[PDB]
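Visitor: Residue strings, one per chain:
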Amino acid sequence: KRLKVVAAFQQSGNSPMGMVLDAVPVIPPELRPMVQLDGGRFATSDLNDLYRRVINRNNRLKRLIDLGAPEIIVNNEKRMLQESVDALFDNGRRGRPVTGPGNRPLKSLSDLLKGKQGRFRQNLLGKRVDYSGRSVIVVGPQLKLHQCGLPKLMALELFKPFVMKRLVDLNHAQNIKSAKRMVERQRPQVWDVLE
Amino acid sequence: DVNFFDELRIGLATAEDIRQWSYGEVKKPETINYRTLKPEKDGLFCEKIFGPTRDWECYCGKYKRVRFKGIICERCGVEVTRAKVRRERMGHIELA
Amino acid sequence: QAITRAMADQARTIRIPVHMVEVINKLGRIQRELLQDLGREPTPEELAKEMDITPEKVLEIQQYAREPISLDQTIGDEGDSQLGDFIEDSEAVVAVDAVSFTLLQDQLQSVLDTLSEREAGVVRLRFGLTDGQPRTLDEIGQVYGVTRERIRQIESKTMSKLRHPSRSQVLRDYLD
Amino acid sequence: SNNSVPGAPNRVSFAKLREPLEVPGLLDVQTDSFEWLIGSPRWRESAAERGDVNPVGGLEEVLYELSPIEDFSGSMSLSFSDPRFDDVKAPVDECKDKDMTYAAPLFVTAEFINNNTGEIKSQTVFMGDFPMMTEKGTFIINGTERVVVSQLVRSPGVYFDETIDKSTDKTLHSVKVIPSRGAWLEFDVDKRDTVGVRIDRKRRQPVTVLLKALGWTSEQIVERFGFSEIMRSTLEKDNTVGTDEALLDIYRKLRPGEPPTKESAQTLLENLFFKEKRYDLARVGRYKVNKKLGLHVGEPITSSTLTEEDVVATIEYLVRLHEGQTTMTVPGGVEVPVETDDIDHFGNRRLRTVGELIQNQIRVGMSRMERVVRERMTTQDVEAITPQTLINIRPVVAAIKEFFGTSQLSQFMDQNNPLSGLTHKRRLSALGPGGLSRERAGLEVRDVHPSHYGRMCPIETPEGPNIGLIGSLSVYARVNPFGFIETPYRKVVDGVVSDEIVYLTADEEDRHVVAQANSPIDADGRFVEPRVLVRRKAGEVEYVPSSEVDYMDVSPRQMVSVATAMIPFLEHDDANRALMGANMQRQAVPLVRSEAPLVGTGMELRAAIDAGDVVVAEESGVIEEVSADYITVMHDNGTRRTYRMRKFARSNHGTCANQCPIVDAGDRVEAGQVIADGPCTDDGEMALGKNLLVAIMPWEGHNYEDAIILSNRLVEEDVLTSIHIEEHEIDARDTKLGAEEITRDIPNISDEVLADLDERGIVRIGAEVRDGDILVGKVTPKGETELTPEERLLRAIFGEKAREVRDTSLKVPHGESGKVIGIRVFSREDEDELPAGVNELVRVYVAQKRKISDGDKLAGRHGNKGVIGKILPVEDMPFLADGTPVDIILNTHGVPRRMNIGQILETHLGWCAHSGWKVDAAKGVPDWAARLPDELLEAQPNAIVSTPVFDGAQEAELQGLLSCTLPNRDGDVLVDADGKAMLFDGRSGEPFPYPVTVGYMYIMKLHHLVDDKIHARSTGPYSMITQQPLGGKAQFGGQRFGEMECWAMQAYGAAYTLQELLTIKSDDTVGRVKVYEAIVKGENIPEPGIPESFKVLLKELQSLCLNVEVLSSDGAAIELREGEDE
Amino acid sequence: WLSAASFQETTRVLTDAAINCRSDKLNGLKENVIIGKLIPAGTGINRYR
DNA sequence: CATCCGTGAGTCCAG
DNA sequence: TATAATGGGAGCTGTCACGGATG
Ligand SMILES: CO[C@H]1/C=C/O[C@@]2(C)Oc3c(C)c(O)c4c(O)c(c(/C=N/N5CCN(C)CC5)c(O)c4c3C2=O)NC(=O)/C(C)=C\C=C\[C@H](C)[C@H](O)[C@@H](C)[C@@H](O)[C@@H](C)[C@H](OC(C)=O)[C@@H]1C
Ligand SMILES: [Zn+2]
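Sequence lines, in order, name chains E, V, S, C and A. As numbered in PDB author numbering, the first sequence has no gaps in its residue numbers, which increase by one up to the final residue, 488. As numbered in PDB author numbering, the second sequence has no gaps in its residue numbers, which increase by one up to the final residue, 98. As numbered in PDB author numbering, the third sequence has no gaps in its residue numbers, which increase by one up to the final residue, 528. As numbered in PDB author numbering, the fourth sequence has no gaps in its residue numbers, which increase by one up to the final residue, 1153. As numbered in PDB author numbering, the fifth sequence has no gaps in its residue numbers, which increase by one up to the final residue, 1268.
Source of the hints: derived by calculation from the structure; they are not laboratory data. There could be a bad hint or two in this list.
[Unchecked claim] Under the rule of at most 25 Å between Cα atoms (straight-line distance), these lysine-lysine pairs were calculated in the BS3-like manner: (1) S:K513 - C:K1122; (2) E:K409 - A:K1256; (3) E:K445 - C:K846; (4) C:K264 - E:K445; (5) V:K30 - E:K371; (6) S:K509 - C:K828; (7) A:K1256 - E:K407; (8) V:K43 - C:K846; (9) C:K838 - V:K50.
[Claimed, not checked] Partial selection, computed: residues in chain C whose CB lies under 10 Å from chain E: (10) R760; (11) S1045; (12) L1057.
[What the hints assert, rightly or not] Beyond 12 Å from chain V on every Cβ pair, some chain A residues (computed): (13) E1228; (14) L1248; (15) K1256; (16) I1264.
Built from N, CA and C at the ideal position, the CB exists for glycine as well.
Between the sequences and the hints, there should be enough to build the whole structure, so can you do that?
Guide: Here it is as structure tokens:
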């Protein structure tokens, strides 16, 4: 078992030193977004309070070392810094999770990947799509096997840029901007266009 | 931006790799200002580090036009490109 | 002293200066003083007069005191519905509106043609099509090889020539 | 008649005479509890009549547990008493309107006692505004009506379990002591015949170790537990001896890392299990342990804590039950049955109502301010201390605010129909804080327990993943002051049924023997047969002589809930379809006007009244004046009360609550009578649907697979038509570029679009609106950014200067439409109190008069759901002889599979009720109609009847009633004794070859209408992070093409279709824009690019110190629309 | 390691893959769907493509 | 062959 | 920012079936 680890660092010039970090990468802001809602209140990602947690303790370490504090106080901060960077990479892994308001555990970096709601199985193996819809189904004995009854209102929104095309074709609309306004207002023409 | 690339390799990141990625070290815990509602400097949203909030709009406002492209304003050191960059530009924190 | 100072400075996810914290704490203090005095939570108009005598600011203060909420937080009934999944990316570009802009370019390309080379010259000069900047007119006539500011003379020789594609209403549609 | 009590229309009942007791106040589950919390006058009297010695209110209790608050010195002492409310700050109707919380301010008397100075300062403190409950058993939090659901939890106490060993195959006995709040304690028995104990899930140790730690001698261990060999084997294998050595041993295993003093191990063993601070069995926690051990059984409840006597008596209970003993007397205690306990028994399974849930959250808020109190005492000086300075109520107001705002038990009130709300108030949930998770729930928790009889319904429960975890409370059940569920039983002295009734808890019933309700009884009260049907402990049934009958059930319909009892011929439908049928009545929608069903069960009266969505008279009198607006009643004493009608109000679920006056002017009305009724109510009765002319046959495939076929009469006569109101909102805030202003002046809009507005900018009352139109014209100042150099040019030509105001108007959402039936404007200018930053706030209420259409979901009471397949012209309808077209054509195929032939029996009884009948009295009263009550031997056309569940009509009588059916107006009978009738195909003209089952059936219009369910989207809004489309019809989102949905694509081998959906259709930032262009330009679809969501991943791996590089075929790391730099 | 990570035990997969420096040849169904490439099956194979 | 910690435990919808 | 003050506080309760490290 031990060889399976050690031989892996041997082969590829992949140093084992990497398991110890001197600098932690900060994920782009738009991926940890801070948003103002219509209620005036702000909504921010959890990562922002974990990053904030590290830098607050990391800088406090800088002040403590510089002041020449006793090892008892300096070592404490280091332990705190350790748990801080830990709870950033994987929360709940070691010890109790970091709670925010409501005793709610904060999402960590690795929590963005794990399981169902994770970036893999929720956003990559399955995505949401444009040009699509949903409705109640009803038996249609009148239809042939290769047919289906697609609601008039549904089709107009599915084929919306397809219809705008033929509206400016047959001169019902002068441009593409007006053609949109004819489909939105549901003028009687478009039903002839859509068919 | 061709689609066809052959291999996707993963490795154990060096501490030096971390610094090669980052466009600057976050030194403040501060996110934004409480009045201006703008990304405070050397913070988690600092525009010197991650990029402009609005397209081709420099932080201090000395440059507010599409005419300046890739220009690093001297009063706040903000490159002028799309805010599209704030989804791709990295940062880092130097642990003591 | 160190705690309360470091408390006011760090606790806020969005940083407020020390005096601003001194205010809100005074506000919560005068509130709890007027609380037991009126058997009811006091009106903004009432709170204001006692401490700062200004009503507009007290409203503003009470929004500063408001603590933000987390995007990653969810709704209680089901553990799949997170808040950020409802935040519409206001930034993202509308397909039709950007395409309609592109069709506006094809109409101004049918304007650079009917206009002369002198006429389609000052057009892209002070408006800044290829430039991206609007150069001052006293610099435009001197940067261009025709003098006696005849380039401002050609300007009026175009303003009415632009009325014809305007009378064709092919530019009239794209303004509404 | 069935319920001849209030003044209700006559609904004749097939029955055995039910005179035990009327349906109790259905809302008393909510009412009685809140009255205990506040300690209302009506409660203290209710405590008196129940004979409750020294009653303590919900608020009174918290104060006494708290009082007094002293510091470590004992110098200071704060204590509370006498809680009292003022008048409510604002009426209910005003709270719904102004979005404020219906509450009454709470006061208390607090005094600061000081032992040193000997002085006492006493004054009244404000505690905040206290959420009061309506008369309808609801709360109103911020203008939305809410409901507090009762939680089913595991009762505190000591439980014994019998687990079987896998290896040794011997019986191992385990015990577990459960506190209301505190540390854990479980004694278990090994296969090694050595007793062990796990404290708060720490490692196992010999139990004698604990006895020598308590102080008990090693000789007393031999005396008390010597009668077993498993305890002698335990004290023998005992590692160490000595009172000091045991405490040290326990300490060393409990809290490693801390210096063990002889004085520090003695202390925590006292604190972890014997102090009120860290450990606490509730009143139930004490009472339940005591019953199980039988000590201090008579003595009143004073101990809130565990004792040493409890510990020893527990271990004694463990050992005896291990070696086969069946009974045991604890020294100093009465005899107690010894066995293993079923955790799911309703004697051990507890129900905490509204009062306790609020009380608990109150207790939380009090212990918080107590922390601040004990801090504010050591700070300030003794002389200047008043309670006003010590007390911070801010945590209290925040603990009660949060609960109603956040908790999983403060729910949006199910307001589809009056029944929907009624069932919401009587729900029993296991989910929620202090309870269990949905994943944590196994299969035993969910299935039907024997003790559920008469307390909780076994039919009413959700179909989904929540099944078994949520239930309805039974009809006749109520909640006792200890949080358990009682149920009424008739008392039988010696074979003689008495009208004396006693409520029994679950385990109390287990020690007795009960007779089924339908067992034949003498006119005096004696049983008919010696051996009768008898219910016994562990759900076991056997015949037992009448000498042994203790009690008998009140009613046949005792086991069911309120919604369940409204399903005619329930005993004919399998539990599965019967289940849905109960979950679906809640889903019905109020129709323009409502008819009471032709067939009922008698539960339709009391349900509507108790719902509180009808208007009931308080005092008897005469209608002095009636309007559509309000009814004025003149009382006998001379005083006048006036009831204001709710007219066209929007419910929580957008259905239309509309009350109309029943009584005409000058009518003499008695108290408690229905003077005006609301939605889904006809003359004071639950009217969830309409009576429809059914026809059981396959018809041209349009009804295939549970689809439904309708007559156009139902659309031309608004029979299945409903009103739906929406509420649209918008406000004007202060921005950084100025302030949003509501105006009629909107940039680049014709006067044709603005035509339906007023001078303000608001739409005008009575105007009609379509989707996309303007409701409230609001403009906002836009950021002064350099406008387009291509639009600068476009503004010089036409010479039109740009405005700095962008359109931010409130337009009508897609799919919505109707008439504007009222505007509600709030202005900061007109002193209307708004939130900080808002100026003008507008609400527009649009009503839609929706007719029924294809896709709308119709359902009967028997779990027979189905959507509308086709609405034929009225003439196409298979009609009877006299030319009457049927209403609804149900498919035959979907009946005998679902085992719900109750829908059939209702149809048979449905025709009988419509046509009327008359039994043949010549040559006597026929032998089939011999059990038939006299009132039903003759029936009028359009007569209403009752078929109480587990009673009512029998198949014999029903067959007979089909024969008696009166002829139509043309003097011709229409159906036969088979219940069928000949039909003519409205299309071909030829009559159908075989007789078709025809009659009337009660159909409900559920709230699953296509108008709400239909949705589609081309392009729209996109996610902020993943850049994928947003989700939901409300957000104009797209559909999800999930992991499962991709497998189908791959299996097909449709690679390009699959790729397109996951690329240019989804999160290809540049791709989707260019696909739009290529479509409107009639060009070819471009080749997809890199998914922006994949790009997100690599940044998420990178941020985790994972050097991820994309390599080309050569071996060089390439760029992903980005670059690296230090 | 991409197919594996999108399966189960995502944290366990990545720690190992990072250490072993495991290079991924994007030649599989699971692997390709994630990156948006045409799946190496059906109409996606070069024989037909 | 039996314990202790970590990792699994259907989908779409609305909300 | 000079009276003296010196070691925390809520735990969380009803899974289930399995592999790998330890016995
Ligand atoms: C705050 O409470 C929330 C849950 C907390 O969490 C959590 C764990 O504790 C819960 C408790 C204590 C419940 O008693 C409950 C419940 O009784 C119920 C559903 C059913 N959940 N489904 C819903 C979505 N669906 C497609 C899948 C499953 C629930 O989930 C819960 C529920 C939970 O989920 N229903 C039923 O029993 C019956 C059969 C029908 C439902 C009637 C209507 C429809 C609802 O009552 C409406 C009027 C709202 O009131 C609720 C929606 C609440 O929403 C709000 C904000 O008010 C919600 C209960
Ligand atoms: Zn600048």
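Visitor: Work down the list of hints and note, for each, if the structure agrees.
Guide: So, going through the hints one by one against the coordinates:
Between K513 (chain S) and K1122 (chain C), the direct Cα distance comes to roughly 50 Å. Violation of the 25 Å bound is thereby established for this hinted pair. Distance hint between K409 (chain E) and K1256 (chain A) is fulfilled; the C-alpha atoms sit about 23 Å from each other, no more than 25 Å. Taken as a hint, the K445 (chain E) and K846 (chain C) pair is honoured in the structure, with Cα atoms around 24 Å apart against an allowance of 25 Å. Distance hint between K264 (chain C) and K445 (chain E) is unfulfilled; the C-alpha atoms sit about 84 Å from each other, more than 25 Å.
Straight-line distance between C-alpha atoms of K30 (chain V) and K371 (chain E) comes to about 19 Å, which keeps the hinted pair within the 25 Å bound. Taking the CA atoms of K509 (chain S) and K828 (chain C), the gap is near 22 Å; set against the 25 Å cutoff, the hint holds. For the hint pairing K1256 (chain A) with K407 (chain E), the CA-to-CA distance comes to about 23 Å; that is within 25 Å, so the pair holds. For the hint pairing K43 (chain V) with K846 (chain C), the CA-to-CA distance comes to about 53 Å; that exceeds 25 Å, so the pair is violated.
With a CA separation close to 40 Å, the supplied pair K838 (chain C) and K50 (chain V) exceeds the 25 Å bound. Interface restraint check: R760 (chain C) against chain E, minimum CB-CB distance 7 Å, threshold 10 Å, status holds. With 10 Å as the threshold, the beta carbon of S1045 (chain C) comes within range of chain E, its nearest partner Cβ sitting at about 4 Å, so the hint holds. Below 10 Å, beta-carbon pairs count as interface contacts, and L1057 (chain C) has one with chain E at about 8 Å; its hint therefore holds.
Non-interface status of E1228 (chain A) relative to chain V is upheld: no Cβ of that chain comes within 12 Å, the nearest being about 16 Å off. The claim that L1248 (chain A) lies off the interface holds: its Cβ sits roughly 15 Å from the closest Cβ of chain V, which is beyond the 12 Å cut-off. In this structure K1256 (chain A) is not separated from chain V by more than 12 Å, as the shortest Cβ-Cβ distance comes to only about 7 Å. For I1264 (chain A), the requirement that its beta carbon stay farther than 12 Å from each beta carbon of chain V is met, with the minimum near 15 Å.
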